[PDB]
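For reference, the chain that follows is the form deposited without the DNA, supplied as C-alpha cells.
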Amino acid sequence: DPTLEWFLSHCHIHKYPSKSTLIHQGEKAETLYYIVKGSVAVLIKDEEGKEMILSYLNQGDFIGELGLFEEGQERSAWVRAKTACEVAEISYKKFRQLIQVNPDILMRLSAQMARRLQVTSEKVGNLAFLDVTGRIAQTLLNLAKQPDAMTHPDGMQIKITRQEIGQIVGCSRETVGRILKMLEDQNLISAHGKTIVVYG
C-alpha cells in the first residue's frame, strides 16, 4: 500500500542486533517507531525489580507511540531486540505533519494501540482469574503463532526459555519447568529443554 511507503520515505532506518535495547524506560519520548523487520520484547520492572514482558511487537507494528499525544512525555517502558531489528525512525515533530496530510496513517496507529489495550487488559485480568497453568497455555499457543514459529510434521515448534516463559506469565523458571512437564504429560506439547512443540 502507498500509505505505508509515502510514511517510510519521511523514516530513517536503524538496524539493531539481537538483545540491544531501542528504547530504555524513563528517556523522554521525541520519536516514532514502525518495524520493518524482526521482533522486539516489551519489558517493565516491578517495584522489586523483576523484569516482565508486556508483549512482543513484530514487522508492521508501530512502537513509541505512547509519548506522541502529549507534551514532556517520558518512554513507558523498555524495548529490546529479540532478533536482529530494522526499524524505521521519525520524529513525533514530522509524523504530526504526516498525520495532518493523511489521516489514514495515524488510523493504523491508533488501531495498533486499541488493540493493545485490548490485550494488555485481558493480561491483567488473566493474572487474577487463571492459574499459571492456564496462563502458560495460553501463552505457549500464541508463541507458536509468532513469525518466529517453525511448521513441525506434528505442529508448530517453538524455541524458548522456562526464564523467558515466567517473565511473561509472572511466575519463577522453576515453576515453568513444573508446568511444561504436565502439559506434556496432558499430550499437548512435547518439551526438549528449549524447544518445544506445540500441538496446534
Contents of the next structure:
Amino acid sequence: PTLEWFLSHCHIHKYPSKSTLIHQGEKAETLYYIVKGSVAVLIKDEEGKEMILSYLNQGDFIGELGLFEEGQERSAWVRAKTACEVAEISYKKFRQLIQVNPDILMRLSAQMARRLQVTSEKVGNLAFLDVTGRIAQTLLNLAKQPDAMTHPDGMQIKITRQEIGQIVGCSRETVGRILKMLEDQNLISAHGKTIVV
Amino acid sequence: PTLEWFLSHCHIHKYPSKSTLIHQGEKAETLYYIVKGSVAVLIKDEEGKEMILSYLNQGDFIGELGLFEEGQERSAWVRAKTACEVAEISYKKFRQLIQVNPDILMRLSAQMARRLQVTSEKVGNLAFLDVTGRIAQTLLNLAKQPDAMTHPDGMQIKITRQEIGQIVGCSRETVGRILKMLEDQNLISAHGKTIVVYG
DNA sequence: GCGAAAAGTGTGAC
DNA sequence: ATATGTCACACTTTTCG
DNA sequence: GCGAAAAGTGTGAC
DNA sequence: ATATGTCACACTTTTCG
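Mind giving me the form deposited with the DNA bound, seeing as the form deposited without the DNA was just shown?
Everything in the complex follows now, all chains and molecules, and the chain you saw is the first one.
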C-alpha cells in the first residue's frame, strides 16, 4: 500500500548473518527497514558486558530515534541475527516523504509505541522479579513470537543459556541450574532446544 | 505556532498534587498534554511496590500509546507531582487533527523517541550498575531535571529517599546509607533537600 | 507563618 | 539472612564442509 | 549423514 | 565471594489547614 512508494525510494542491502548493521554512538543519518529476516538490539557497558533489548523482524523500522532531532547518535547496537534485506533511506529524503504522505510517519510511530511499552515492562521485570521469574517470562514471550514452531504440546525453540543470559541479565550457569529447576518443577523440557509446555 | 492551534481544540483540566491522572488497566482513548505542572509515570509490583518509570513535565504529551491501535489499556500510572492544568482531546479528534496539520504528530513522535532512549538507558542501569552506581546516576539526572533550584555550589534537588529507592529499585534504607557515604566523601550534602557537587 | 498530625528515616545482625 | 555471581577446564551439543 | 573442530555448558564452594 | 533486603518504632522532618 503505502510501503511500496516508500520502499521504492530506498537503497536495498543484504547483510550476512552476524553482521553489524549499527554501532553505538555512530552519528545517526540513515533510517532502515527490514525487508527480510531478523536483527538484534543490544547495548554495552564499557567493561564489555552486553544485554539484548529486543529482537526486530521483517516489517519493523530501524534507527528511528535518531530521526527526530539530529546531531545525535545510534542509541543501541543492531547485529544481524541472520540474512536480511534492508532498505536504507537518508533521514533527509524520509523527512520529505512524510510531507507528501502522513501514513509512513504513523507506521513508524505505531512501531515506537509498542516498543516503549515492551521496554517499560522489561524495566519492571528487572526490578520486581528475581531471575527465576524473569526467565519464565522470557521462555513464555520467546516461545511464541515467529521463530517458534508448533510443538505438539507446548511450542519449541532454539536458544542458548548464554543468550537467555543476556535477555534476563544473569549468566549461562545461573541460567543453567535455574532452567533445570523448571524441567524438574516440570513447566519446560530442554536439550539445546527448549520445549515449552 | 500550531500547538495553540491544538490547545484551542483541546479542553483543559486542573488537577491537584498526588492525584492519579491515569491508571494501569483502563482503556486508552484520550491523549493528555501538560499545560502547567509535573506528573510521574510508575507501574506496580504484584503487591504495590511502585517503580517510578519517569517524571513528565509541562509541555509533555500523556497517554499517547493508544493513539495507534484500538482498545488498548492505559499502561502505567501517572500522578500529579504538583498541580497540573492538563489539556485534553480524544483519540479521533486528534487523528482528525493530524490529516490536516501534520506538525503535532511530529511533535508527539519526537517525545516518544526520547522516552525510548531514556528507558533503554534505565534498563542499562538496572542491568549493569550496582546501587551506588544507579543512585549517583539518578542524582546526575534529577540534578538535571526542570524542577531543580539553583544552589551556589551544586544543584538543589528536593527529594525523598523513599522516592530514590523507587526510581532505582532498592529499599529505603539502602538509599539512606549510600547517601551518607557520598556525603562523607563530600560529594553531596543532604537534609531533605540535597545538593549534588560537594557541600 | 502555626503547630499539630502525617510522613519520613536510622539502626544493625541475620 | 538469601539470592547470584565467579573460578578452570573437559564436557556435551551444535556447527557445517 | 560423515566425522572434527566449534559452540555451548555444569562443576562447586566460597 | 558479594551485596542489599529485612523488621519495628522512637525520633525527625514535612505537610497543610
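Heads up, when I say rigid core I mean the largest set of C-alphas that superpose within 1.5 Å between the two forms. Residue numbers count along the first chain shown, from 1.
Please find the residue from 27, 30, 174, 154 showing a Cα shift of 2 angstroms or more between these two forms, rigid core superposed. The only residue crossing the 2 Å threshold is 154.
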